[PDB]
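Enquirer: Using the sequences and the hints given, assemble the complete structure.
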Amino acid sequence: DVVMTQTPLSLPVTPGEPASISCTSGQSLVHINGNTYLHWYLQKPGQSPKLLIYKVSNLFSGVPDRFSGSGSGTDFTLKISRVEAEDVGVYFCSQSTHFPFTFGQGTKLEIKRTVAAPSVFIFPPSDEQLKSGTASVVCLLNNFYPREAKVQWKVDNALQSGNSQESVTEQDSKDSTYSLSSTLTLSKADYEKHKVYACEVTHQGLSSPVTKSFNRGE
Amino acid sequence: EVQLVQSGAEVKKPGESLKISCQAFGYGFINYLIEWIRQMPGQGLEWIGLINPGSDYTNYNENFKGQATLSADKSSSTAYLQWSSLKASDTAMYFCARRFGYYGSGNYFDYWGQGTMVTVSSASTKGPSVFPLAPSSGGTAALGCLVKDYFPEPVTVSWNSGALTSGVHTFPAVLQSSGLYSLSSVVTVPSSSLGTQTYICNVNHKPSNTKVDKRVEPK
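Residue numbers (PDB author numbering), protein chains in the order written: chain L, 1 to 27, 27A to 27E, 28 to 213; chain H, 1 to 52, 52A, 53 to 82, 82A to 82C, 83 to 100, 100A to 100E, 101 to 128, 133 to 214.
No lab work stands behind these hints, which were simulated from the structure alone.
Hints may be right or wrong, so weigh each one.
As the list claims (entries may be wrong) - If you want the ones that stay clear, here's a sample from chain H, every Cβ over 10 Å from chain L, calculated:
hint: 1; residue: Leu18
hint: 2; residue: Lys19
hint: 3; residue: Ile20
hint: 4; residue: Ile30
hint: 5; residue: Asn60
hint: 6; residue: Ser70
hint: 7; residue: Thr87
hint: 8; residue: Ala114
hint: 9; residue: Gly118
hint: 10; residue: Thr135
hint: 11; residue: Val152
hint: 12; residue: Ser177
hint: 13; residue: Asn199
To be verified - So the derived list for chain H, only partly shown, Cβ under 8 Å to chain L, looks like this:
hint: 14; residue: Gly44
hint: 15; residue: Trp47
hint: 16; residue: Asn58
hint: 17; residue: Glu61
hint: 18; residue: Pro123
hint: 19; residue: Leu124
hint: 20; residue: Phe166
hint: 21; residue: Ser188
All residues carry an ideal CB built from backbone N, CA and C; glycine is no exception.
Expert: Given below as structure tokens:
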């Protein structure tokens, strides 16, 4: 199989600025018929992939001029002249020289904007859920940028690990922000024997960490 | 434009078989180079195989050979993908596509089916439990609904029957350590609206025919 490798994997771009995505193949994509079957796709959020550029550098009909491809052999580059909101999504290179056909890992292009601190909210478990024998404690980070944030759970000022799941939205297409949930899961037994539940949040938009907490019952 | 139409979501147990379809609503099917490509849950594309219905030529990704079978019904313009002994790792969005004309022709297309979601799990259909994420006690408040322990995907969440859409964040589902999905849906609102407006999350889970409208209230 011909391994396709894309760099980078994440590409923040400021609207109107250029973007480059590189693809390297494990071996030459020159076919015995003389053609080089390296293609570039964009998969916008929720959609199927769409073809941008075929055989290295041929703009597919209907695709905007701002997209262009170059390269030869094993090294290939997709360039976007001036990035726009409609350009967001995962870009894949695709080889069809050799069976089995293969794809790069994907390069996620997102809109770059200034750092924006998250608004933090902590939610205790409902009593209806406490009848279940389980306690879910939820922490929300709302409308922040960049994606990267550290969420630490502290239980009676003791730092939790492996006990919570994070979930993150796709980039909000209108304000270029992300939101994130961290759900801490405890047995009804473990929940009912501690007092302070704190969501601890670190992020570039905050000089020093934000902690939001509640005490069980109050 | 000529497009491809695929059959509906599949939910299967490990060990079971599958059969999904891809009908061309266009054109001439017998000359197509039809590819099957699956997209993994947060992942890349895995190329499954290719069929030209005309010849019955088939090429298979070695990893899926003797699990996967490509066939074509030339009478109904429909391509099929059969798959036996499904494994949990076969959980993916499956696409059919026409991308390439015969080599040397210079002809390129971009027809994609809408996708068929395939879920392979030993878990059984279960409706979600919906729990309130209560607004606690400045300018803006956040509230929501915890949608827990359902199977399979998908679930749908709206707020106030669709009347409320601004500031809404419905998170992606996460597969929990149990075989079961969980998600939350939140909305930020002005704090001044709390005493004044009601907030109901409308959670619908078609696979189990469960509809839950949960009223979310302060404390």
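Enquirer: Which hint numbers does the structure go against, in order from smallest to largest?
Expert: 5, 10, 12, 21
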